[PDB]
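Participant: As a plain string of letters, each chain reads:
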Amino acid sequence: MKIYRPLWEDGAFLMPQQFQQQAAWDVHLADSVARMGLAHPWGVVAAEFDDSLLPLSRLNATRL
Amino acid sequence: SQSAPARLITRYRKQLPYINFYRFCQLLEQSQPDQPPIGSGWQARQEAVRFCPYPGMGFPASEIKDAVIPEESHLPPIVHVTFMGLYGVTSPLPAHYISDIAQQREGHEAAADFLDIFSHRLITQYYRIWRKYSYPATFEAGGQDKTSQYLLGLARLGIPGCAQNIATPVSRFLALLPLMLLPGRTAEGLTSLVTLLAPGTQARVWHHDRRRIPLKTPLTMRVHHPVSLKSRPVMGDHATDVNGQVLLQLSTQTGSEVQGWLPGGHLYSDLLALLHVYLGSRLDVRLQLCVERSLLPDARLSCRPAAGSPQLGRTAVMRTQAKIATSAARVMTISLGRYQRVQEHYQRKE
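Residue numbers (full-length UniProt numbering), protein chains in the order written: chain U, 1 to 64; chain E, 8 to 357.
No wet-lab data here; the hints were simulated from the structure.
Do not rely on the hints blindly, as some may be mistaken.
Derived Cβ-Cβ restraints for the label pairs, each shown as a range [to be verified]:
| id | chain 1 | residue 1 | chain 2 | residue 2 | range |
| --- | --- | --- | --- | --- | --- |
| 1 | E | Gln256 | U | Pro16 | 27 to 35 Å |
| 2 | U | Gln20 | E | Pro270 | 22 to 30 Å |
| 3 | U | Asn60 | E | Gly272 | 54 to 62 Å |
| 4 | U | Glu48 | E | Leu302 | 51 to 59 Å |
Beta carbons: idealized from backbone N, C-alpha and C, even for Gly.
Here chain U stands alone, though its shape is the one from the complex:
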């Protein structure tokens, strides 16, 4: 994609299109830190379910 940086010049007003751009940039900074130790894309830290609704067939989670 195209990910942009804002510039906080004085006399440059306010747009909510700005804050979305900056906040979706340190997320990209988190990968370049992390991609010095990775082969292949990521997975599951934890996942827990509630199996009581299995005879009434339904499936729902507790912690994810």
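Following the hints, position chain E against chain U.
Facilitator: Quick look at chain E alone, frame taken from chain U:
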């Protein structure tokens, strides 16, 4: 015009026994001012004017009282009051002319139409001196930057031709002209410029202030072996120049004018009144304001978020009553640059 008696004498036939002639001719040009029968166009084209039936009365100023206007003869003035109005008349008619009117008799009733051709074209301009051509006091002229008594009475400030680059024409002559006649002055005129434009607002000036940067392009604190200097230039890396950047505060108490000083309202009034009229390239002016808390919303789209540089007026969900604060900044009234370039030629060897 047909509308000239159809407005005046058909409707307002209630003060004509005691009307002034000075008042009467004024209301004619105020009856149809949109493209009027201009009184200055008398010099070739009195045909097709349909002016008022003053002439032939022989009356002095403010003594026209009779009121008869025809409609069939396609020109309303055909008036001759007999035995009255001999204004400047000394001797009777010549010999050959009486032999053509025959004989100063009832035929003279159809002779004063030609005979008073001279007095018609003179009592136009007789009036025009008293009301437009040498009197008007810049009050009976009453123009909108056309009437010549303005332009004669405003070139003593030095604004012919300099209406360029201004969104308004020269309108603030009414109070600034006494102040704009003293040379090189002053600071106290900026108080008048604010109290004129929006009452309820006061002004204070601080003459010097701590200005900052201009960053000097050689750092110059290299300590030099071949050649250096001392006497004045001693500093660190950024300089400070006080000398010319005055601070101005405003103080309002009516909330309808609070939303006038934020950019869009009355800020375009000061920003053009300074830069080309009263100061020009003398100085630079800093603006500031102090109100109670604000009336300011937030992050909505394209253009009106910013209350200058700061933001507030959105968070107090706690307490009922007032706290005083400074408001914001506004920009300087400056105009500068460098253009780009280097040069190629020189002056003269004398």
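Participant: When the hints from earlier in the document are held up against this structure, which numbers fail?
Facilitator: Hint check: nothing fails, all pass.
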